[PDB]
Structure formats: C-alpha cells, structure tokens
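Participant: Using the hints, position chains R, B, U and E with the ligands against chain D.
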Amino acid sequence: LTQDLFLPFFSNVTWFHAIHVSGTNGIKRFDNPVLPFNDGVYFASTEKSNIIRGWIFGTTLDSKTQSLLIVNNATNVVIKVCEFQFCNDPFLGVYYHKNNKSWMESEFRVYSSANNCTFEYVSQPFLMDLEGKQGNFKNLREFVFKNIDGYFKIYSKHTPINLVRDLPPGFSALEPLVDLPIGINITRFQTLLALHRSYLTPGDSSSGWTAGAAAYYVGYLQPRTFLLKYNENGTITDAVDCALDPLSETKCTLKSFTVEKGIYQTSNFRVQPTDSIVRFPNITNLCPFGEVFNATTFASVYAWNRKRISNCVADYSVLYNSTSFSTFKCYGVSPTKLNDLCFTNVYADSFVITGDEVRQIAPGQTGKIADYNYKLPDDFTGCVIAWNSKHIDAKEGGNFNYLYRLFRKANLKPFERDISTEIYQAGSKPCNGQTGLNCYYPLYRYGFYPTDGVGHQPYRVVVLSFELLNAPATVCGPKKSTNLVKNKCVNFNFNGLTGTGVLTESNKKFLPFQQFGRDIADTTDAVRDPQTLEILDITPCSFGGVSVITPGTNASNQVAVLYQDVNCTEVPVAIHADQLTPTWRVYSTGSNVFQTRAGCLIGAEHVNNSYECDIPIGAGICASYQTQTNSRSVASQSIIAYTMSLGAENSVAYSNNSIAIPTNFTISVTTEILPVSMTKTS
Amino acid sequence: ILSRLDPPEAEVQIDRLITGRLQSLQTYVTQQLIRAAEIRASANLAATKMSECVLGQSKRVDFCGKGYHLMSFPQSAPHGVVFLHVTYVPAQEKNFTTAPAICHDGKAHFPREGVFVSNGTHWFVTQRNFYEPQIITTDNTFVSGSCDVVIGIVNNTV
Amino acid sequence: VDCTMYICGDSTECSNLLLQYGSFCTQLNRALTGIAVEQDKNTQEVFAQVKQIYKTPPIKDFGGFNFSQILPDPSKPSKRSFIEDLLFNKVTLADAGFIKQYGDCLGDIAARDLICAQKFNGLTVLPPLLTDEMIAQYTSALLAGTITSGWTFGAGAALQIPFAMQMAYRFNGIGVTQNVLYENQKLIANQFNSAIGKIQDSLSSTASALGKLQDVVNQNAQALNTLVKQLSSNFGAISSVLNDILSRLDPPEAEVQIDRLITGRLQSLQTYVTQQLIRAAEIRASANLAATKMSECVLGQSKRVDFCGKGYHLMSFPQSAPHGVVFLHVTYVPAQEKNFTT
Amino acid sequence: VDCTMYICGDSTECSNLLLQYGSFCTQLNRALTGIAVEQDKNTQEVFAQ
Amino acid sequence: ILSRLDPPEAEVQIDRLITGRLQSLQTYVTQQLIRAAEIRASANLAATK
Ligand SMILES: *[C@@H]1O[C@H](CO)[C@@H](O[C@@H]2O[C@H](CO)[C@@H](O)[C@H](O)[C@H]2NC(C)=O)[C@H](O)[C@H]1NC(C)=O
Ligand SMILES: *[C@@H]1O[C@H](CO)[C@@H](O[C@@H]2O[C@H](CO)[C@@H](O)[C@H](O)[C@H]2NC(C)=O)[C@H](O)[C@H]1NC(C)=O
Ligand SMILES: *[C@@H]1O[C@H](CO)[C@@H](O[C@@H]2O[C@H](CO)[C@@H](O)[C@H](O)[C@H]2NC(C)=O)[C@H](O)[C@H]1NC(C)=O
Ligand SMILES: *[C@@H]1O[C@H](CO)[C@@H](O)[C@H](O)[C@H]1NC(C)=O
Ligand SMILES: *[C@@H]1O[C@H](CO)[C@@H](O)[C@H](O)[C@H]1NC(C)=O
Ligand SMILES: *[C@@H]1O[C@H](CO)[C@@H](O)[C@H](O)[C@H]1NC(C)=O
Ligand SMILES: *[C@@H]1O[C@H](CO)[C@@H](O)[C@H](O)[C@H]1NC(C)=O
Ligand SMILES: *[C@@H]1O[C@H](CO)[C@@H](O)[C@H](O)[C@H]1NC(C)=O
Ligand SMILES: *[C@@H]1O[C@H](CO)[C@@H](O)[C@H](O)[C@H]1NC(C)=O
Ligand SMILES: *[C@@H]1O[C@H](CO)[C@@H](O)[C@H](O)[C@H]1NC(C)=O
Ligand SMILES: *[C@@H]1O[C@H](CO)[C@@H](O)[C@H](O)[C@H]1NC(C)=O
Ligand SMILES: *[C@@H]1O[C@H](CO)[C@@H](O)[C@H](O)[C@H]1NC(C)=O
Ligand SMILES: *[C@@H]1O[C@H](CO)[C@@H](O)[C@H](O)[C@H]1NC(C)=O
Ligand SMILES: *[C@@H]1O[C@H](CO)[C@@H](O)[C@H](O)[C@H]1NC(C)=O
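Residue numbers (the authors' numbering), protein chains in the order written: chain D, 50 to 731; chain R, 976 to 1133; chain B, 732 to 1073; chain U, 732 to 780; chain E, 976 to 1024.
Just chain D, with the same shape it has in the complex:
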C-alpha cells in the first residue's frame, strides 16, 4: 500500500486523431498539439501503420531552453537532450522509396538547429514497428513518463489486440524502460508523427502525404494511494484505487482484494487537497540588510550592540554577490523554511572576533569568547551568520579597535553584557586599582594586520534571534500571497502557520492581538486572515464515521454506505462530494436515501417488512442482500434495509380458573460447545 503519483481508475482520457487523408474521403487534417505535462503523463496508442515515432519534452520548446527528444526510427532509438529550435509543426522525414537509391533516408524535419547538447542516449527500438495493414490495431503501446529529482523515467507495455476505435478495458502493468539523468524542468510535451509519401510534405506547402489515421490517448497522473499485488516474479498483477468508490476504500483499510459479508468502519482515502494558500500581511518593504551587514564599523565583542528588526521583509537573496558567508547555522528552524515563515520579534547582535573563535558562537561552547564575552543561551532559536572581513577590518599598520575581555571572575550568563573595565586582582593581594603583579587590565585590543593567517583575521558575526508567538507578525519572508479559497479543503499557510483543512467564515471573537485559536487538543481550530483581519475557523478535511455494507466480493460488488450521525440532506456537504470522484457522488445523493437513528443509509432500499437480522447496521436496523425475482419481473438481487424483528408476537389466554396441562412429551437432545484450551506458545 503506497502513496505516489498514479493514473486514477476510470479517469478522463483525451482522444486525439489525425488526417487519414486516404480514408477521410479526400479530406486531411493536421493536429498534434502541445499538451501540458502536469506531474506525469499516461500515453497510449493503438496503431498499425507505425506512424507514432516519439515525443518532445521541454518548457518553451525554443533555443533559449534545453529540451528532450525521442525518435525511434527503425534500428536503434535516439534520445538527445540538446537545445533544439523546434518547428511549429514537427514531424519525421522520409517514409519509403522503392529502388530509387533513396531507401530510408530519414532527415529531421523537427528542429532548425540543435546546440549545447548535454545528454545523448541510443538503444534498441521500442516495442514494434514497420507494420502495414488496416482494419486492425494489432499493437497497443502504453507509456508513463515521470520527471522527479532530475531523472526522466519511462515505463511501457506492449500488448496485442484487434479493435477499431476503442481503448480496450482491462488491467495494465507497465515495466520500467529507462531512468535517464537529464535534469531539466519539463512543463509541456508534443508527439512526433511520421507523415511522408515519397517526401515529407506536398510539392509546395501542404501535407498531401501518407496519413494513416494516427490516434492516441493522453491521461495525467494524480497523487493517490494504491494497493498493489506483487506476484512471485515481482510483477504487479492487480491493484486497487483506494479513492475510487466505497468498495475500494474498504479493500484498502483491510489490505486485501476480497471482502467478506459484513459492515466495515473505514479510513479516509477519499479527499485530497488540490490547491495551496499563502496569506501574508502587507509588508512590501525589504529589511535593512544593506546597513546591518555592510557598515563602516562593528561593535566590539564585549560591547556587542543588540538591535531589533521590526516591520520589513527578510529576503537574504540580496546579499548573494554582496557578501560571502563562511558560517550560516540555524537553530530551531531550517534554512529552507526561512522563506515561508513570519516572525513576531527579531534581534541582531553584531560584533567582530577572530576567525578561530567563530566556532565559539554556538549554544554550548566554552572559551575566551563564550565565557567572558558573548555566551549564547541553551534554547536559542535563531541563526548565526559569520563572514571574513579582512578587507575592511584590517589596516596595513594594524587595526587596534575591537577590544575583548580576557579576565573575569565568573562566566557570563546568556545574552549578558559586561563593560566593567575594573582591574581584576588575580592573586589574593588587594589590587588598589593599579596594574601590578597580579592585576591586569581586563580588556585587550585585537591586532588585525593584512598579513595574518586566516585564523587571526577579523570576522563579522551576526546573531539573529527570533520568536514565534501569538502576536502579529513583524518580519515576513518573501512568499507571495495567493487568493483565499474558503470552502474546498485546501492547504494553507497564514503567518508561517501551515496546515490542511476546510476554511470557513467563523463567528468566534479574537483579542486584538490574537492570530489563532486552539482546542482542548492543541490543534489550531481558527485563524485570523492578516490581510482582511477576518477570523475564520478550520475544519478537518476527513470525515469519520463512514461504514460500508457489502454482501461479499465473491457474491456481488454493489454496496451501501452509512454516514454516522449525519442528516441525509447534509451528506454531500459533510463528505465534500464535489471534490470526490463521480463514482462517489453516487452514494451522496441517491434515489434511496434512508435516515436511520444512527445516520444516513444510502444505497439500500428500505422495505416495510421485518426479518431476522443478517448484517447489523445499528439502532434497530439490519440489512441483507435479497433477490427480487418474486418482487419484480426479471429483477436482480439488491440490498434491502429493514427493522429487525424480535420474534413472533403471541398472547396467553389467562383467566381465573383455566389451566393448560400437557398430554404428551418430546424428548430432545441439544448440543453445547465450550472451548476448554488454546494453543500454548513460547
């Protein structure tokens, strides 16, 4: 059972055609458009004439961007990642020529130029080709293309069929062909057709060539959960789309392909959020990194000059050619998330030390700096930035600013400053404020020459300290805000606080500074939109309480669903039916919706009779799978829902002076089975 990008079962597949000028009654056509890629593509093609040759992959399909090309010509297949300048209508060259010294001279009519080629791959030709007949597509070829983490992955299958205009039903398992390390951003694609009749095009500008009714199918992959069945050889022989219908959802909570007669509580394989949301406040102003990082003088390490950074946008991109950072270490936050976060408070803490002491600006360090000068705390939650600055802090005579402390009677506490400049008697004799035997002035000046080892060269350190409170945000990242879809089970990110649920207008009242509210369980249940100040509450995307009633997969495939504690009119709103597959909405609305005391039962025909209970639904209702041959003519079996009976109703003829006395007996022998032991194990 895996979550990955799969082609959903019974999903929409677009059907494209070609000219068939020799079969369309003297009528042609040219249509192989450019299609999106969309996280992966499923391509199928029933063909007989070997007109499909390959594909193009890329984004702009120009020389200003690299692209990928696949051409199976006859012997060997050619895969190139060069910089192609494709034509507006690309196709392959020659078709054939009989004894004219021009047999199979295939010239590329695809691109005007190819340059800066990075990848080149040649191997044996795909499934089959060079067939020529009609009225039968003797070969169905399927392909799945993926492009993840730099690799281009192709999976294919080749099966023999004979149909006319149908993508034949059935199960399909494609095997891996190639994983190519091409590493290119791919957004669009297009198909290569072989259209030629002794020449590529007509005499001057028309097709007027061989067009053998090219037709292919295109489907797109979606993030889904599948249950695959591997055989002895490791070949996938069966699968279940957990998000297809209530029966598949049941075969996924019970990881099995067969289900017994009963009622089953079910996990949520149903909805998937499709779009995300960013709602950041109006800051529109960049932080003063040009004056914080790039200043004439920095503070001394012992006088380290904390300053704060209020409303501004934190975009570290501006310093990419401005400065090079030798140290950039973040605590309590990851460096790749600094763009998606908003902070309520920020501080700076700039100073200058030597290059060998930059390691002492970590939380649990010891040393001259970490003991007497700076002392970061234990729960820091910030980033530490450092960079060599010998070009501004070193002078040819020496730079004797930037003092530092060397003698202190006790270690500094976290974030404590000290400028005491007293005399520090080291022995036991009194000091009298005079530098003498065991009395040293405690501050000493660094000496920063340009002819120094990289361990004695000056380094500028900046220690950003931020917090994440329920206050309004002051510093935000460079994320760009999107719109506000507020009904449709989206991913959201408001002030760096992410999540996934259903947004909805709320009636809760927040304090003026509050940005979100929690529940008894520490889960965000309401958030304030920082762009409209509106409070709106969050609802989980998953609806629990769905039980699926089945008569057994080896008996039938129709089921009934029970939505526990849901009004029958609010079922499509509770399960988000509009976001479900069409085979799910069959069980949200219905011809036969029955409102039990437990919940809404959709899929079973409520009868007025009563029987002994077969499958217990609850609250007095049971359900069974009964035929209707006596209920209707040529009627098939279905699922009925009735109120179970407690037995035959009876009455006793009681009176003052009447007794019933038996005249005959009936010796009966009944059995009783009792387990006495169980298997003992060690």
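Heads up, some of the hints might be wrong.
[To be verified] Away from chain E, derived, C-beta distances all over 10 Å, residues of chain R:
| id | residue |
| --- | --- |
| 1 | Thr1005 |
| 2 | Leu1008 |
| 3 | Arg1015 |
| 4 | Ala1016 |
| 5 | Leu1030 |
| 6 | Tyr1043 |
| 7 | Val1057 |
| 8 | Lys1082 |
| 9 | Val1092 |
| 10 | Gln1109 |
| 11 | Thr1113 |
| 12 | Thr1116 |
| 13 | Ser1121 |
| 14 | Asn1130 |
[Claimed, not checked] Here are the simulated DSS-like cross-link-like pairs (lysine-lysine), alpha carbons at most 25 Å apart as the crow flies:
| id | chain 1 | residue 1 | chain 2 | residue 2 |
| --- | --- | --- | --- | --- |
| 15 | D | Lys129 | D | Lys195 |
| 16 | B | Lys786 | R | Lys1041 |
| 17 | B | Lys960 | D | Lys557 |
| 18 | U | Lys772 | B | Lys821 |
| 19 | D | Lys182 | D | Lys206 |
| 20 | D | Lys386 | D | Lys528 |
| 21 | B | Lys917 | B | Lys1069 |
| 22 | R | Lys1069 | B | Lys786 |
| 23 | B | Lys786 | R | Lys1024 |
| 24 | E | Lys1024 | R | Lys1034 |
| 25 | B | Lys1041 | R | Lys1034 |
If you are wondering where the hints come from, they were derived from the structure by calculation, not from laboratory data.
The beta carbon of each residue, even a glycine, is placed where N, CA and C say it ideally should be.
Facilitator: Frame of chain D; chains R, B, U and E with the ligands shown alone:
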C-alpha cells in the same frame, strides 16, 4: 543497517528496531494473557457443567439444555468439549378448568402433587407435567381449616 | 478509532511516515470491533431468552397483585414500565448516548465541545444494535410470560395458570404448604403491593441505581477524554503540534520529531485498547451472571441461597436499565421466632 | 506508585522534563487505586455476609 | 547523564530513560489489572460458595 553504518551510527538505528520489536512482543503477550483469562472462564464453566449435568441432574433452569434436564453426555472436540443435553419438553398443552381447595363436608381439601382439574361436571387430580387424572381420594388430598379459600368449589372427595 | 486521523490528522507528510512505520492500525481496530459485537451478544444473551413476544393480558388484577408499576405503560411513546421510566432518569448518561449530529459541531459560535473534540480526532461511538424500546419489548414479554404461566414458558410453551394458584406452588417450593397462601392471600397480596410502592418511592430520592451503571458510563467517557487530552503531550519532540514541526523544520529534521509523536500516540492508542479489553472482560462476566440470573430467577425458582434475593426465593421480575438490567427479587423472610420445646 | 520518585527520583531537571513529556502518571494511578478498593470489596463480599 | 552532559544533550539521554521507565510502569499496571480480574473471579466464587 549493519552493512552500511558503523557501530556508533548503527546503534542508533538498531535501538529503534529493538524498541519496536520488544513492543510487538509485549503486545502479543498482553493479548495472550487476556485471551487466556477469557478461556479459563469457559473452562471453569465446562468443568462445572460436567460435574452438574453428567455426574448429576441439575435443577438449574437452562443450565443443562433447554427443557427439564434429564441427563447429559460429553464428547471431546479439538480444544473444547461438546455436551449432548437430554431434556423433557412437554408438548400437547390441552386446556382444562381448575380451582383450588374443593370444599367438601365443611372443610377445605388441597391436593398433594396435583392441581384439581375438571372434566365435564367431573373433577379429578393430576400431576403438573403430564395429564394423568385420578379420583379425589383421602390420600390424593390433605385437609386444613374451613372453606375460606377464594374459590373453593364444592365436591365429593371420596 | 480511525488511526490516521488521531495520529496524523490531515498530513500527507505524517500519513506517509505512518505507513512505513508499521501496520498497528489494523491490529488496534481488530480488537475494538471484537469488543463491539460482544456488547450486542451480551444484550442478546440477557434479554432474548424467549423468542415469543407475549402480549400483556388485558386483565390487570391477578388475585390481588397489582403489577401496574412494572408492566408497560401505553400512554407515552416509550412503552416502558413506570419503574423503567424511573430508572432511565437516575443515570445521567452525559455522553454520546444523547445524539450529537455532525452539523452540530460544524456550525459553532463559542468553543468546540469535547464530544467533537474526539470526533474531529478519529474517535467515534457506534450505537447499540438493539433500541432501548426493543429492550423494553423483551422485558414486557418476560413479565407477561411469567405472571401468566410461571415455570412453563422457560422450559417450553406457555401453559396458562391462575396467579394465586401459581404462588401456591411457589410457596410449596420453599417448604410452606399451600393453605398458608390461600388463608393469607389478601394479606400476602398487600405485603407485595406495599414493597413495590416502597421501591418505587425509594427510586426517586437517593440516586443509588447510579452506583454500578453510571460508574461504567463515567469510565468509558473518561477514557476518551484522556485519549483526546493526550494529544498535547510532546513525547520528547519540540512540540505537540504537528503543523509547528512541519512549518519550521525540513523533512529530514521534521521526520525525527514526527516519529516521536507517532510513537507516543500509537502507545496512547494501545493503552486505550488494552484498558478497553480488560473492561470488556469484566463486563462480559457481569453479563453472563445476568443471563444466568434471568433464566434462574425469572424463568424458574432457584434453591440457591442468596442468588435471587435474600430470603427464600419466590419469583423475580426484570426491568431494563441503561446499559444494564434490574431484578426485583421477591422472597419470604419468616419473622416472629417464637420459642418452643421440641 | 509515586511516578516522579520512580522515574526521576530527586531531579528538578528530570522532574521538569517529565512534566512536558506527558500525563500518564495520573491514568496509571487511577488504575492502581481501582484495584486497591476492589481488594477490600472482595473481602467484604466474602466475609461480611 | 546530568554530570557529564549539558541540558541540550542530557535531554536526549533522559528522554530515553523516561520512556523506558514509563513503559516499565505501564507493563506493571497492566499485569496488575489482569491479576486483579483473575482474583476477583475467585473472590466471587468464594462469595458464592
Ligand atoms: C536512425 O537511427 C540510426 C541508429 O543507428 C542512426 O544511424 C546513425 O546515422 C548517423 C548519421 O546520421 C551515423 O553517424 C551513425 O553511424 C549511425 N548509427 C550508428 C550505426 O552508430 C540515425 O540516428 C538515424 N538515421 C539514420 C541516418 O539512419
Ligand atoms: C551555449 O551556446 C552558446 C552559443 O554558441 C554559447 O555562447 C558562446 O560560446 C562560445 C564558445 O565558448 C563563445 O566563443 C561565445 O563567445 C559565446 N557567445 C555568447 C554570446 O555567449 C554558450 O557558451 C553555450 N553554453 C553552454 C552551456 O555550452
Ligand atoms: C553576578 O554578580 C554577582 C555579584 O557581583 C556575582 O556574585 C559574586 O561573585 C564574586 C566573585 O565570584 C564573589 O566574590 C561574591 O561573593 C559573589 N556575590 C554574591 C552576592 O554571591 C556573580 O558571580 C555574577 N554572576 C555572573 C554570572 O555574572
Ligand atoms: C470527463 O468525461 C465526461 C463524460 O464524457 C465529461 O462529462 C466531463 O466533462 C469530462 N471531464 C473532464 C475533466 O475532462
Ligand atoms: C515468472 O516468469 C517465468 C519466466 O519468466 C514464467 O514462466 C512464470 O509463469 C512467471 N510467473 C510465476 C513463476 O508465477
Ligand atoms: C555582482 O557581482 C559581480 C561580480 O563582482 C559584479 O560584476 C556585479 O556588478 C555585481 N552586481 C550585480 C547587480 O550583478
Ligand atoms: C556596501 O558598502 C560599500 C562601501 O564601500 C558601498 O559602496 C556599497 O554600495 C554597499 N552596498 C553593497 C550592496 O555593496
Ligand atoms: C492589505 O492589503 C489588502 C490588499 O492588498 C488591502 O485590502 C488591505 O486594506 C491592506 N491592509 C490590511 C491591514 O490588511
Ligand atoms: C434534517 O434536515 C431537515 C432540513 O434541514 C430537517 O427538517 C430535519 O429535522 C433534519 N433532521 C435531522 C435528524 O437533523
Ligand atoms: C412504508 O410504509 C410507510 C407508512 O405508510 C409508507 O409511507 C411508505 O411508502 C412505505 N414504503 C414502502 C417501500 O412500502
Ligand atoms: C385453549 O387451548 C388453545 C391451545 O391449546 C389456546 O390457544 C387457547 O387460548 C386456549 N383457550 C381457549 C379459550 O381457547
Ligand atoms: C405422543 O407423540 C408421538 C409423536 O409421534 C406419537 O407417536 C404418540 O402417539 C403420542 N402419544 C399419545 C398421543 O398418547
Ligand atoms: C395499583 O397501582 C395504581 C398505580 O400505582 C394505584 O393507583 C392503585 O391504587 C393500585 N390499585 C389497583 C387498581 O389495583
Ligand atoms: C425466647 O425467644 C426470644 C425471642 O423470641 C429469645 O431472645 C430468647 O433467647 C428465647 N429463649 C429464652 C430462654 O428466652
């Protein structure tokens, strides 16, 4: 883990497997203890049912069978036992007219092992579980007090 | 319990990490469903002894015994007895017994109720198969069968017998000849009608039926509230909020903090399920005891001492209660002890 | 069972980490006290007939 | 642990001990519940006898 990582780093991954496998074993043992209790209860019930249905005849209702218990036979089964309960089950249920304490000779007459059924204009006495009527004699009956019983019909009591 | 909704919520990142972690979910739910069907089997074994729904006779006096307080009242929609109506009130049942629809927690104005603090976290409460009106149909059939047949309907078909003519044998069974009843029939019927009046008025003052039935209602409700509150435990992670970890840290570092939460919450679920199994055993024992007491006190007359009542057992009447049953045991209790020489 | 004395002993550092960890201790003790009163109820039901 | 390591690194080692000892307490309490049930059964049998 032991092929790719060195002992210092492999110990971190192994300690996770050790913890989870110990928890898997703990869960198994707890479930086994619970089921062993549930089956010891049934084994005690079966040890009671044997000594009270096979080595005797129980007056407890619905304990050995359904009707009035007569006898029982044990049969061994895999990890269990089967009891064949033989009961009585009276079944013909014919109505009669009855009354207590027939009043004869100025004194009440109650039956011992009887209910005082009545034919058409004729009165008899029967045991409760089987229609077998006798004549109301001095040994089918005992006498106590005057005729104040709430019905007390009149009869002969020969 | 929906496993992913409790542990992960709506988190494809967490829902992906819970997959490769383990398959405990299926094991945890197998145990909870075995408990659920046992709760229906208990009620069946206690109340569905007889499969004949005997109608209550139109007569309402049986040699002086009133029975009007223990027989079903046809006025109000619930066809329960006066005392059964009195019993369903002393038990608060401040839980999901009182239905809370899903629309009640979608549209909310103040703060989320606990009933759907656990609903939104994957903890549902399934309703019992037998309606409380079906339990009352079963008890009313047993009372009718008893007061109109005595021993007979438990051992076979119901054989009609006059009531006072039946209590004569009930007296013969405890060692008291028949005439003692007929000679004290009016006093005996009066002592019977007074004791039921006393239990009626005593079931309105002290709330003592709350003893064992409310105790199991409070236990189950409290376990779910504990399971909910335990979602704010850190278990060694930097936070108990999953969307806080997922906002600040990257997948490589967020997986270390998430795996701690996954382990802690799986442990919390396992503890809940183990406690539920233990309590289900303790309540199956009581349900078996009640199924024995019904067939041995209501469908018969037991010679076992202190099994059906205190004195010498005469008869018993069942009354349905929320998640339980009440037995009205009628005994003999001789009280005078005058001395003699023997 | 006193929870902190078993797990942490006398350790304000540990006693502070056990706080934010979780509240199992309270549920653990709820179970042990239910057992303890049952041991008295057993003896009563057997001997105080 | 508290003598050699600092709070940031000592908390990693302490949380392992906390988890292990909490599990040890939970195992004890579960076994006690099971034995309390097994002995309540015998006490009920003795109160019947
Ligand atoms: C069809 O594919 C074949 C696969 O071999 C290719 O033939 C190559 O032709 C180029 C010139 O375009 C030669 O330099 C190579 O020597 C040929 N391949 C070999 C044997 O290595 C070619 O890409 C396609 N078209 C032609 C011309 O056949
Ligand atoms: C991509 O192709 C372009 C165009 O040829 C290359 O740009 C030229 O590269 C040549 C070879 O060194 C230089 O002599 C020219 O001065 C470049 N022209 C310009 C205007 O840039 C470019 O180098 C190629 N890039 C890669 C990655 O190979
Ligand atoms: C904070 O200052 C206090 C008082 O100045 C320091 O405590 C004194 O430390 C000196 C030298 O170790 C002793 O001679 C005094 O007896 C201490 N006084 C008291 C009141 O205890 C303390 O060391 C300083 N703490 C830090 C970390 O700077
Ligand atoms: C899918 O196909 C159906 C049936 O032809 C059509 O009604 C619907 O518009 C299609 N949807 C998409 C997304 O193409
Ligand atoms: C596995 O492969 C072999 C040969 O490739 C084939 O004969 C067999 O049928 C396949 N399936 C099995 C062994 O289940
Ligand atoms: C960035 O750095 C390069 C290299 O020194 C320099 O040529 C350029 O002027 C700088 N600024 C910009 C905006 O590229
Ligand atoms: C940095 O300081 C220098 C001073 O030499 C100045 O010329 C420059 O504009 C400042 N900003 C950047 C981004 O370099
Ligand atoms: C923020 O921007 C939005 C649109 O850009 C505007 O409607 C709003 O008034 C601005 N101010 C606040 C405080 O949201
Ligand atoms: C269901 O909704 C309808 C219309 O909103 C209402 O009349 C009915 O009372 C509701 N029933 C329940 C059980 O919510
Ligand atoms: C069931 O009975 C009700 C009561 O009159 C009636 O309204 C309903 O139409 C009946 N349904 C069927 C399917 O017979
Ligand atoms: C007579 O007996 C039959 C069955 O034996 C029973 O149904 C009936 O109620 C009894 N009484 C009368 C008055 O028929
Ligand atoms: C009792 O019932 C049996 C059942 O077949 C029958 O053969 C027998 O004659 C009956 N005894 C009578 C009517 O006395
Ligand atoms: C029977 O009980 C009813 C209701 O409690 C009471 O009013 C009446 O006095 C009693 N007497 C009868 C009618 O038997
Ligand atoms: C006589 O009976 C009374 C109570 O009925 C009792 O207390 C007393 O011990 C008996 N014997 C004597 C000798 O009083």
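Participant: Are the Cα positions of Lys1069 (chain R) and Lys786 (chain B) separated by 25 Å at most?
Facilitator: This hinted pair holds, its Cα atoms lying about 20 Å apart.
Participant: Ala1016 (chain R) clear of chain E by more than 10 Å, beta carbon to beta carbon?
Facilitator: violated, 7 Å
Participant: Given the proposed pairing of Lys786 (chain B) with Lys1041 (chain R), does the C-alpha separation stay at or below 25 Å?
Facilitator: holds, 22 Å
Participant: Could you let me know if the closest chain E CB is still more than 10 Å away from the CB of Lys1082 (chain R)?
Facilitator: With a cut-off of 10 Å, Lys1082 (chain R) remains clear of chain E, as the shortest Cβ separation is near 45 Å.
Participant: Regarding the pair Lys182 (chain D) and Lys206 (chain D), is the alpha-carbon distance no greater than 25 Å?
Facilitator: Since the Cα atoms of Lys182 (chain D) and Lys206 (chain D) sit roughly 22 Å apart, the hinted pair holds (cutoff 25 Å).
Participant: Minimum Cβ separation between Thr1116 (chain R) and chain E greater than 10 Å?
Facilitator: holds, 40 Å
Participant: Can we confirm that no CB of chain E comes within 10 Å of the CB of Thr1005 (chain R)?
Facilitator: violated, 6 Å
Participant: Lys386 (chain D) and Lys528 (chain D): Cα distance at most 25 Å?
Facilitator: holds, 11 Å
Participant: Say whether it holds or is violated: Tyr1043 (chain R) keeps its Cβ farther than 10 Å from all Cβ of chain E.
Facilitator: holds, 24 Å
Participant: When you look at the beta carbon of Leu1008 (chain R), is every beta carbon of chain E farther off than 10 Å?
Facilitator: violated, 5 Å
Participant: Are all beta-carbon distances from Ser1121 (chain R) to chain E longer than 10 Å?
Facilitator: holds, 45 Å
Participant: For a C-alpha distance cap of 25 Å, please report whether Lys1041 (chain B) and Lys1034 (chain R) respect it.
Facilitator: Distance ~20 Å between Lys1041 (chain B) and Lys1034 (chain R) Cα, so the pair holds.
The structure fails hints 1, 2, 3, 4 and 23 (numbered hints given earlier, in ascending order).
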